[PDB]
Each structure stands twice: as C-alpha cells, then as structure tokens.
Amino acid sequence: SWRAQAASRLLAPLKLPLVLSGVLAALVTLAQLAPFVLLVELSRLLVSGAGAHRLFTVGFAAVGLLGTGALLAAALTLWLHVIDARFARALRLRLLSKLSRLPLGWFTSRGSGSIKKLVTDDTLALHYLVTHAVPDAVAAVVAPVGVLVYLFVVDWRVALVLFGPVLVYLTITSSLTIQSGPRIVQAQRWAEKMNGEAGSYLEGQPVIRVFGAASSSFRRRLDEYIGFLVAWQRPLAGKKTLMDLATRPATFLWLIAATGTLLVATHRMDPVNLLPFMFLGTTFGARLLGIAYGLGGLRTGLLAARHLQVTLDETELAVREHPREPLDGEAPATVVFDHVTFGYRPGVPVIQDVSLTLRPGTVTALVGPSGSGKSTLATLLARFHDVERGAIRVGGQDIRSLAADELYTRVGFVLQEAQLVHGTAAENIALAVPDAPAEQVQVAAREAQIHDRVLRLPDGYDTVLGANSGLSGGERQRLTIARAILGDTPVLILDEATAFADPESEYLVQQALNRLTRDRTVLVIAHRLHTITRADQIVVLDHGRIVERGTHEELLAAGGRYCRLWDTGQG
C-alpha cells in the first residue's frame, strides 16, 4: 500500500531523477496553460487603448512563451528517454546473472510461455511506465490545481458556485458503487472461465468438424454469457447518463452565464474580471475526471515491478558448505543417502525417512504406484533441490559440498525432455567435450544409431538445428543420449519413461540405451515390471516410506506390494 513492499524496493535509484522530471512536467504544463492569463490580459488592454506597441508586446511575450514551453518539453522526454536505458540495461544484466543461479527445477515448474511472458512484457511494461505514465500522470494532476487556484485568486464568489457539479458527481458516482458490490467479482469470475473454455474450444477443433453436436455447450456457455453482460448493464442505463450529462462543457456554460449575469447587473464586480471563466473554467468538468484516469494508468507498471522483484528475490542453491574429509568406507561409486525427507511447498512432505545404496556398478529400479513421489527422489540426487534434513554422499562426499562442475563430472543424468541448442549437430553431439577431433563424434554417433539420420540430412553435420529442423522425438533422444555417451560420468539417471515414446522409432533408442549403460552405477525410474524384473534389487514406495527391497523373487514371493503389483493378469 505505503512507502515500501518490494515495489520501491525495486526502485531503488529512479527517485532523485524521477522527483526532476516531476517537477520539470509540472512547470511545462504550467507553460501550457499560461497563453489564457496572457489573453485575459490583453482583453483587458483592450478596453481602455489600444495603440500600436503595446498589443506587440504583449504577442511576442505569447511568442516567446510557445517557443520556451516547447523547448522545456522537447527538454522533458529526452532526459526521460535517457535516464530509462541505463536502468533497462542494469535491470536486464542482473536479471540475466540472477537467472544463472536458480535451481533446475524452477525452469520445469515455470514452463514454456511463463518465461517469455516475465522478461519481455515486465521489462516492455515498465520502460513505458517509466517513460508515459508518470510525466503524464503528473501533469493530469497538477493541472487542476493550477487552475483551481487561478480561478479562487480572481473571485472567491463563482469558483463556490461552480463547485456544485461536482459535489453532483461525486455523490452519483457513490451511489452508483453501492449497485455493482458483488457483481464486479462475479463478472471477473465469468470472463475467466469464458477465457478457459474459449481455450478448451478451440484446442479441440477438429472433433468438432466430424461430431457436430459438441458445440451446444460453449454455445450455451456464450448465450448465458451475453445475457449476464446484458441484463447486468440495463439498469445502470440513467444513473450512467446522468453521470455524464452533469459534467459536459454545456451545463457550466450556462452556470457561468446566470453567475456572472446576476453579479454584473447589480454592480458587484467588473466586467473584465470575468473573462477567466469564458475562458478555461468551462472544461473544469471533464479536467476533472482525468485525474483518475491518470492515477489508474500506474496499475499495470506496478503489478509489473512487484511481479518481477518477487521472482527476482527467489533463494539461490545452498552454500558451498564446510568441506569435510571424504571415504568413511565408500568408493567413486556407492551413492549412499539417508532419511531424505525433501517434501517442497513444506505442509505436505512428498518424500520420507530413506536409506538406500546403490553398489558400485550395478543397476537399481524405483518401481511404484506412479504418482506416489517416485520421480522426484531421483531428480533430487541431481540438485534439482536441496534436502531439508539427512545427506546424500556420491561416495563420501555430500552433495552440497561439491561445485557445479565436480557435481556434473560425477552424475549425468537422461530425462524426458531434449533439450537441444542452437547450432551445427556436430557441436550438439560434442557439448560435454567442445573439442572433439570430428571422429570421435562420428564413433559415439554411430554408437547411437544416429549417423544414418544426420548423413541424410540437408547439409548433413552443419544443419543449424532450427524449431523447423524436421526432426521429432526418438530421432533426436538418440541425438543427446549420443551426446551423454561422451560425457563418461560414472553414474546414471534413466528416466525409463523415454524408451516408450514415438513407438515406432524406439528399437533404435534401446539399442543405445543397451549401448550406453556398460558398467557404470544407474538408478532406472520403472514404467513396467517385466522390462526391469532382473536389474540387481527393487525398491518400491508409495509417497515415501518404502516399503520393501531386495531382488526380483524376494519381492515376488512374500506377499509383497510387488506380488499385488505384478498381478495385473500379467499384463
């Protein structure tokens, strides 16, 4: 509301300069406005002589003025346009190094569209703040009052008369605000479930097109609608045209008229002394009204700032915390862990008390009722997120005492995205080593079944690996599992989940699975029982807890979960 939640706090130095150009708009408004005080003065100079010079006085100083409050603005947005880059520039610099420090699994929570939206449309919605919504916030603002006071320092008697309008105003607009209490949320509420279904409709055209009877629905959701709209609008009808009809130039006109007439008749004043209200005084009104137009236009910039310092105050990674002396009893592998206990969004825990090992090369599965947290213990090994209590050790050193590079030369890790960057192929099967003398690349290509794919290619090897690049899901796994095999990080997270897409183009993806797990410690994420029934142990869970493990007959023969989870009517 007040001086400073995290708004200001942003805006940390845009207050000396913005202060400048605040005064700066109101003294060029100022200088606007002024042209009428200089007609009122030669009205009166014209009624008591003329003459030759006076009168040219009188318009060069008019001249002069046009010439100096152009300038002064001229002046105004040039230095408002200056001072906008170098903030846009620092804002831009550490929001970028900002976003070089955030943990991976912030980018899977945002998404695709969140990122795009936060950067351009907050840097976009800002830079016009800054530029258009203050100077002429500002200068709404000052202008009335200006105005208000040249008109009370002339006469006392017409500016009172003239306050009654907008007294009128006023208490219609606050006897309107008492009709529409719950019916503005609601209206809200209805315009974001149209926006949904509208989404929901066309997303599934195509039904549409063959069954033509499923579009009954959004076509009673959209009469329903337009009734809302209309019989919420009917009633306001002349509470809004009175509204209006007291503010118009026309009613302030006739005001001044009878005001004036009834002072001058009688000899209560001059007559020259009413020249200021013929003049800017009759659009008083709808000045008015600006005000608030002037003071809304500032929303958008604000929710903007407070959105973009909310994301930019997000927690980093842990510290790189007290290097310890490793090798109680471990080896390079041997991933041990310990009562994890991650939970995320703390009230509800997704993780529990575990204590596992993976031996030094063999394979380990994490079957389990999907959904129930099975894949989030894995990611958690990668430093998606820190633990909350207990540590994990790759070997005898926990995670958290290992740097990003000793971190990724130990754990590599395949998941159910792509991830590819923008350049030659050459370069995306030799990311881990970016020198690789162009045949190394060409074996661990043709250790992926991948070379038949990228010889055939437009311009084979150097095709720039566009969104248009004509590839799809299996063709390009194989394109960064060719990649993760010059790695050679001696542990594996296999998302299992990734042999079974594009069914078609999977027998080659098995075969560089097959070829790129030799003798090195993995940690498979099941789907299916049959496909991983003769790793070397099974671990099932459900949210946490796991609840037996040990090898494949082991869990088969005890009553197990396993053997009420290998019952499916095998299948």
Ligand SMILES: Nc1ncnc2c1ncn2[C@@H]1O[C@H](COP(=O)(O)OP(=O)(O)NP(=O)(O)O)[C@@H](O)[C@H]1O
Second form
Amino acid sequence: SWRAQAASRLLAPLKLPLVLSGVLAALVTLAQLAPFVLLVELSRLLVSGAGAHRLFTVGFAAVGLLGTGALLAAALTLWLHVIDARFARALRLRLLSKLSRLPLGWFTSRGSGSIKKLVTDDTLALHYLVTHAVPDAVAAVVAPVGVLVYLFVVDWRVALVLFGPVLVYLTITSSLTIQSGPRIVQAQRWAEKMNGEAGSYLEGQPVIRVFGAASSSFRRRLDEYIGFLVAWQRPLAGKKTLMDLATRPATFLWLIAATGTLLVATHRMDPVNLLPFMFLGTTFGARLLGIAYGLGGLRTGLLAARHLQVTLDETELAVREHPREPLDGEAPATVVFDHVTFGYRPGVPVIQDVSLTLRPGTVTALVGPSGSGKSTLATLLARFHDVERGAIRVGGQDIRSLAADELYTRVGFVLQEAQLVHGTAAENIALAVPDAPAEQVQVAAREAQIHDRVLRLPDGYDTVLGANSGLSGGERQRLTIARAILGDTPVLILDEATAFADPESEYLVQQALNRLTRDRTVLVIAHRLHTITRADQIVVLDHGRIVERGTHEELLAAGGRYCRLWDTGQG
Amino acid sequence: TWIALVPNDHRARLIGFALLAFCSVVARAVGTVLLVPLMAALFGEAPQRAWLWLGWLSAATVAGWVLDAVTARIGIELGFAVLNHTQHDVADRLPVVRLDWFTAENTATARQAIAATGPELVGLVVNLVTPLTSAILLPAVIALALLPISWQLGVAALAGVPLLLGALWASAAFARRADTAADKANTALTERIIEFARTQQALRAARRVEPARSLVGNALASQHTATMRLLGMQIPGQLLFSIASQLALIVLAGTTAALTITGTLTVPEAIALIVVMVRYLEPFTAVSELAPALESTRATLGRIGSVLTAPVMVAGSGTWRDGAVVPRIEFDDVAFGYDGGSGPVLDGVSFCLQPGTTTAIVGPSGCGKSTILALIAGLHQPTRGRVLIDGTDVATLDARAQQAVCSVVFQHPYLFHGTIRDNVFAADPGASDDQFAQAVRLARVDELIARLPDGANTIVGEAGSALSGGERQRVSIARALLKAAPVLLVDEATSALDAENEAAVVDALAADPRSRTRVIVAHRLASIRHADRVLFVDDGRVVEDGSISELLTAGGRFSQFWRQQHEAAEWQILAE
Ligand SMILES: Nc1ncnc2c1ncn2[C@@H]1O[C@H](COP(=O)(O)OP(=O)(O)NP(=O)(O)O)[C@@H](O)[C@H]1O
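Can you now output the form deposited with this ligand bound? The one shown was the form deposited without this ligand.
In what comes next, the whole complex appears, and the chain from above leads the way.
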C-alpha cells in the first residue's frame, strides 16, 4: 500500500527517524495519562486506612512523572528538529540542481507564483508535517487507545457502556454524510467559482468606479453563494446538535454515574474501581473525535510531498547524443530543421514535418495566424523542448549532441521576458562576457541606445538594478539587447513583438535591433508582415505544418494565404 | 474598528443568547457539584443512599441537554447572520477603498477575504465562540460552588483560574512567536532559489548558469541554519501548559489528602472532592485543544479586518449643478504621487482645456499620463491640486456626481463574466436599444456581433470567448460611448495588429455627435491629427502645448517625436 508512490519515495530517508519519533512520542503521551493512574492509587491509600508517609511516596512519584515527561518531550521536540533541518537542507540542494537541469521551456509553462508555491510553501508544509503533524497524529491515536485498554482491565462492564455514545454518534454521522453527497462537491465548485469572481471584482475596480452598474453581476453571484450556504447548512442542524450532545462529557458522566451506582449499591463493584472512569472516562468522546482531527493533519503535508516528488521526477533535457558528423555542406551558421514534429501534450502535435533551412547571413520570417506554432517552432531551436520525431542541427551538428554551453555559444535569442539579473547595470550588459573592460560595456550600450538612459541613473553604470529601478519594459529591453550584442552568437532568434511592446520606446528599440541583427543569421517571429517584406525567405504556416514558402515578391504572385493575409486591409 | 462583528437586526435576541449560553454553563457546574454527595455516599457504609443523588444528577443532565441544544440552534442562526452581514460589508467597502491600496499583496488579501471566508463564518459562533467562552467560565463557576462545601479547596481553586489561564495564554504566545520565526527563516533560505529560477533563461543563454549555481549552492550549504535558537523558541510553547496542569493537580490533590489526615474532611468526601478537582481541570485542557482552531480562525478573519480598516477616499456634497453645457477642465499646480520612493511622479502641471475640444497627451513612457487621466476622472486625488471641472473643484462633490461627469476608455479593457450586451449596458442600463444601436455602429462591433455564433448574447467574461485583446477593446469603446457624460477620456491600447481598433477610436473622436469634451492619451499617429491641441508631458510637467502647426514649426520636443513616429512605421528587418 505505502509503496512506489510520490510521497512515499520522497519521505524515504525519514523512516527510522520517524519510527524513533513515534516511539518517543508514545511515551510522552503515556506519561501524561499516568498521573490519573497515580490518583487512583492515592485514593486507594486513603480508603485503606493508613498514610501520611505512604502518601508522600505518591507525591514523589508524581513529581518524578512531571520531570520525566518534561524531559522526554524536550528531547522529542529537538530530535524532530535536528532530523528535519538536515532533510530540508538536503532537499533544497536537490531542488537547486533540478532547476539547473530542467528543460528551459518548462519555466515558461509555469508562472512566477507557481515556482514559489513549490519552493517555499511546499518546503514549509514538509517542515510542519515533520515537526507538528507527525508527533500530533501519534498522540491523537495513542491516548484513546491507551485509555480504552486501561479502562477494560479495570472493569469491562462499565467500559462497554462507553460505546453507547459512540454507536449513537457514528449512526448519525453517516446518516448525515449521506445527505450531502451532492452538496459537498457543489460547495467545492462554488468555492472555486467565487474565487474567480473575487479576482475579477478586484481587477476591475477602476471600471466599477466609473460605471457604477458594473458590479451588479458580482453582487448577485455573492447573494447566490451566501444563499446556497444557508440552504445547505440550515437543514442539517438538528443532526449536528444531536451528534454533538452525544459526545459531551456531561453525557458520559451521567452514564458512568448511573452504571456505577447500580454496580456499587448492589455490592458488585468495589467503588475504588469506579474512579478510573470518573477520572479518564468522561473526556473519552473528545479523544475519539480528535483521532480524526489529528489524522487529517497529514493531508496537507503529503500533498506537498507529492508535488515535490513529481517535480523532482520531471524528465529533464537529454544528456547529449554521440558527437556525430557535421553533414558535409553546412557552414558554421547554417540551420536545418529536418522533418521536425513536436507537440506539448503527448497526443496533440503542434508541428508536423517542418523542413525549412536557414542560410548563413540571411533573414527568415515566420508568418501565420494566431496560435499557429511559429513561436513554438522558434523556441524549438533554442532547445526549450526536444523534438519528438525530427532533428534540428545548427552548423551541421544536431543540437541534441551539443553541450549547453556550446549551444548557446552558437544560438542566441531575443524574446519577450526581459529578465534582468540582480546586480550592477554593467553586470547585465556584460553577462555573457563578465570580464569586458567596461569600454566594451559602453560601446555596446551606446549601440543599444541605452547609454544616456543609464548615465541618468544614481551611480550610473554601477547602479544596482532591482525589482523597482525606474526602467520601463522598453528600456529593460534595450539592456538585454545590449547584453546580446556582446554575446555575438552568429544565429539570432528575434521575436518581432519585442519592438512594439512599449510604444514610447519603440523607435530606439528598432535602432538597437538594427545593430543586433547585422552580419548574422536571423529568424523572426513576425507579427506585422509589413516589416518582413525584404526578408530573404518568408514562411507561412497554419496550426502546424508549413503551407507556402518563398520571398515576398514571388510569394505574392502565386496567390493564397499570403495574398490573403496581405490584402486583408493593409495591402 | 470593524473586525468580525454581529448584524444590526436586533439587540434583545443577542442579549438573551448570552443569558442562555451562561445557563448552559450553570447546568454543567451543578452537574459536577452534585457528584460530591453522590460519590461521598458510594464510598460510605450505606451506598444505597446514592439513588437520591443520581435522581438529581439526571435532572441536571436532562436540563443541560435542552440548554445545549437551544444554544446551538441559536448559534447556527447567528452564524448565518454574521456571514450575511460580513460578506455584504466587504463588498460595500471595496468600491470606496483608495485605488493605490490595491497593491500586489493587498489584492491577494482582499480576494481571500471574499472567496475563502464562507464556511468559517457560519461555523464561528457554534464552533469557536461558545465552546471557548463556556470552557473559560466553567472552572470559575465550579470553584464558586465549592466555597459552601470546602472553603479551603474553593479558595485554592479560585486562585488557580488566573494561573491556569495565564499558562494557556503564554504557551500560545510562545507557540505563535516561534512559528513566525520558522517561516521567516525558511523564506530567508528559499529566496535565492526563487531568484535562480526566475532569471534562468538569462543565465543559460549567457553560459553563466553553473557558477551561479555554485554561488547559491555554497551559500545555501552553509547559512549556519540558525536552528537551536528556534529550538529554544519551540520548547516552552510545548511544555508550559502541560507542566502547569500536571502541577495544579498535584497541589489540589495534596491539599485534599492533607485536609483528611488532620480531620477536616472524612475519607469518603475527600474522594468526592478529588473527583471534582479532576472535573475542574478538564475545561482548561479543552481550551488548550482549540488553540489551533483559534489561530487558524484568527488568521483567516484578519483578512477581513485588513479590508474593513483599509483607507477610504472621502467625497463632499457637490450636487453637480449645471453639468449640462460642457465642462472646461483645468489643472492648477497639481502634484501627485502614490507615495515617494518610486512611481509616476507629477508636479507643476497646470493647464485649461477649453470646453468641447479634443486634446491629445503625448510624451515619454513616464506614465504620468495614465495618471493625468485618473486625476480628471476622479479615481485619484491630487496632493497639491484642485483639479476643477467647469469651474468647480472635483473633491467637493459627492461620489455619485463625481462619477456622473466622465466616461472612460481604459488601457487594459475589463469585461465581467456575462453577455456582450450586458457589458455594454453596464454604462447605462436604461439605454433605449437605439443608444445601443449606435454605440456599437460607432465602436465597430456591429460586425463583430454579426459575425459571431450567437453574437450579441455571447458570454464574454473569461473563457477565451474567441475575442482577442484588440476586439475586447471595441466593447469598452461601446460601453463608454453609451453612458452619456460630457467628458470622454480615452487611454489608447498598446495593442497593434488591430486594423480596426484604430479606426474605432478615430471614429469615436471624429464621428460621435454627443458633443462632449474629449481627452486622449495617444500612442498612434492618426489619432493625433484629430486633436486640436497637444500636451507634451515630460518628467511630470507639461513642457509644451499647442496645435500641430506651431509645435511642428517650433522644431523642438514635439517635432522630434513626430519625426520618430514617422520613421518607426516604415521600419523593416533587413539582411544587408
Ligand atoms: N506551454 C504550453 N503548453 C501547452 N500548449 C501550449 C503551450 N504554449 C502554447 N501552447 C499551444 O501550442 C499551440 C501553438 O502556439 P504558439 O506556439 O504560441 O503559436 P504562435 O502562433 O507562435 N503564438 P501566437 O502567434 O501569439 O498565437 C497553441 O495551440 C497554443 O495554445
């Protein structure tokens, strides 16, 4: 059962540690019920005449129990932290070296909160599972089990009566858990519908303040939710009160008293044996309903342990194939897609047998409708994912047989997602060559039209860029374009949407790109097909494969899909 | 200071609930005090004399049943009303909270306060309020009934309520102060890994990924981990109440066992008091059990106080007397800032927009233009301002006249979950289906709905809805054109690829016959040849204004922008 599962493979080194922890936390919770066993021996000593010296030997035992139950708990709470700090430290060093090996496109399939939700929240849920949820789930089971065994050896006749309020409660609770078959998934669909509603209501605040009647939808979806909750709960109240009156200690006390009065008064009980039940038996319903509450604390720890183990299991980029043959014709810049096929999900292909061929020192544009597969086809060259069926090769060598440093020392890309690193503004312009004399860092920032904007910084080039720096997306982009100018990769992957993603700084980005895309092999993800009309080879494609191919002057002659995207208004 | 308080429907149906939850505790105290004559009789030589005291215990148990049943049936209806009255307060407060409050964290907080407070507001009075306030008064009422019986053990039990409650408050303060250091150290550890994953493409593409991994790795490997400080944090919060409760029992049972040896009590009734001392200590343990249930509730319902104590904007009386004509918008020494560390700054802006004129606002990115529009709309208040429209300061108007003056086309278009024709009718829900006929033939969305499967009644909230970002900015133009306020504030969308959304705003300006006073923050070039005066704004200050015949012949800050915008449109990626 507990095998070969995600949470079972992650939390594998903590087997003997957690076993010792459970053994030690069983004694800790057994040394807290032992005082009530000493109370029954103190009572017997009062009943049986003598004392005043034998009654100190019970107080000695009680203070010894206090001391040894404090020592045991203090030892457990530090074992459970020494043994958890080591696991967390060794698990962070695994996440750090898994991120460095995952395919790069993975990081785009996620967001920025989906990474924190796994690196911080899922590593804190494990810390809490180890330090709280496991020692609590052991006590929550050992306490009622020990009480029930101690009360049956004392007297089995009165310990049977304590099952009345348990059968009465379990009958009801099931009669109630099937009256909410629908409404326990209805209320889960409502809880995720009312979250998107809150998100939209918060995101559309400005509109709601200009047009007042735009919040009517939210305010009527909310009266439906807080009306559903009432119509769901208001029925099942005379059941939740009934099953609550059956676990109250005032209910167990009456049963114990009525059953003990019958046995003592008829001379078959020896009333010193009814005292264990008066001490430990009245709070016996709380323990049985705390069992489930203690076992339900492991769920939010095991979910985290599974979410971490699926990520640590994610298939990472292939190691590299045999450093095979450069296929006899391709110059160091020539790029060849050869029958590539690729799809994100294992049954839905997004690319079908595309076989284009770039050339050394030429431009090549990728036109097509939206969601056509041109962004995917572009980022397939940077090995954001691996191709399923075909094979790409830049320079004559399959990009699968290239080291991660030799690939990016030969293929560069300027997409969206600026991604400045934390550090000096000259530490970003010279990231791909960290020892640039700072004269090249200047001649390269004067070409990306970002030199006068960085001289207007507090320290100038030595300014430490951060989350808030005072740089718009169009001048954070001329930095990564300056960096890319120092890289000098002879093959560029240009996303043409980076030009017009910031309209103010849109003529300076175009002067930076005029310099970045010189004397090299460019591949443009075109969006506006009037910029790419002097490209050497334009390539059309519709939801997958390639349909038409050629220059613009010719491609305009043989009418279809290109004349149909061209004459569509603009012309 | 609203936190989670009760409704405003009644006051005699809320004070007779405390007098019921308090009698439900008197019943349990009487049920426990009735154990003294019963157990004192069971341990005597005539144990059949304990039937009289089981009769009275039955009488005291069947009464506690009724009192606990009514107190729960009422506590459920009081949870229903708390849910109803609280969810209608957050939703009534949010449209008045100041817009700069909605940061990235406050938006998450406020969306949790709406989406994730449902079931723990109904299950509050019956799950946390009565079980907690009953278990706190129970030992104090038990101690009071003992004074006629044994005053020594009664006084020793009054003395123990403050100590045992202090040991419960202190062991929770310790357990809470350590759990914050625990998730602060974890964050201080895993924020270099969060950065290493954020800037990943930049590293691998720069061939700098393995040295950065080495850096984060060695720092992580050492970090000293600061653990045993948190051990010292954690231990007292685990041991304090357990030690206190185990120590109170020893004292109370050695007091009872001593009053015997001397002769105060006899043994039978010294045991009846040891049985009562144990029952007196169970409420304290029950309070210790719903400590996590109280901390989770406190956290979850702190998000509601976060909203109900958020700063609200204040509006005057106003009554926009004669809005009719067309308003002459005027800024006067206006200066604005969300705060002063970083953000769109503005200071010294002062113009006067003649009534019934189209006015463009161009400039560097520096979006103190999306702020100049918000200051006119009323969405933001100036810090040294008096924005005044048609002569009268905006901040001196009640916020149903302060919004009945400006129609706005935002930058990022927002549509709520609903049909296409109810997003447009959100502007004027009483439009006479000809105002709807030409709010859509102006916005160029008549074709968009006469080319759509069911067209008009398409649900367009968020499903993808077949509507792209550029044609979702043609329904905002149709909404804004419907509402007939005498000010139109357009904030052009960065969206290219349009080929229709351009002519949309062009026709909105040049075609509409409603005769309002229009103000556009333009990025395109065709929507600037319709304005009759331009405002070039740099560094939060109008550097020049005028028509495009004197700006162009001024050869200054705007002729350069003109030239650049003309050259940034005939750009083409080339090999050469
Ligand atoms: N991370 C992803 N996981 C699964 N499917 C994806 C992912 N990213 C994109 N797709 C789908 O892959 C298909 C190709 O999309 P894409 O590669 O963006 O083509 P595109 O035309 O270049 N993008 P665009 O031009 O902006 O519409 C579409 O059906 C997308 O929805």
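So that the term is clear: the rigid core is the largest set of C-alpha atoms that superpose within 1.5 Å between two forms. Positions refer to the first chain, counted from 1.
> Please check if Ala50 moves between the two forms, taking a CA shift of 2 Å or more relative to the superposed core as movement.
It does shift by 2 Å or more.
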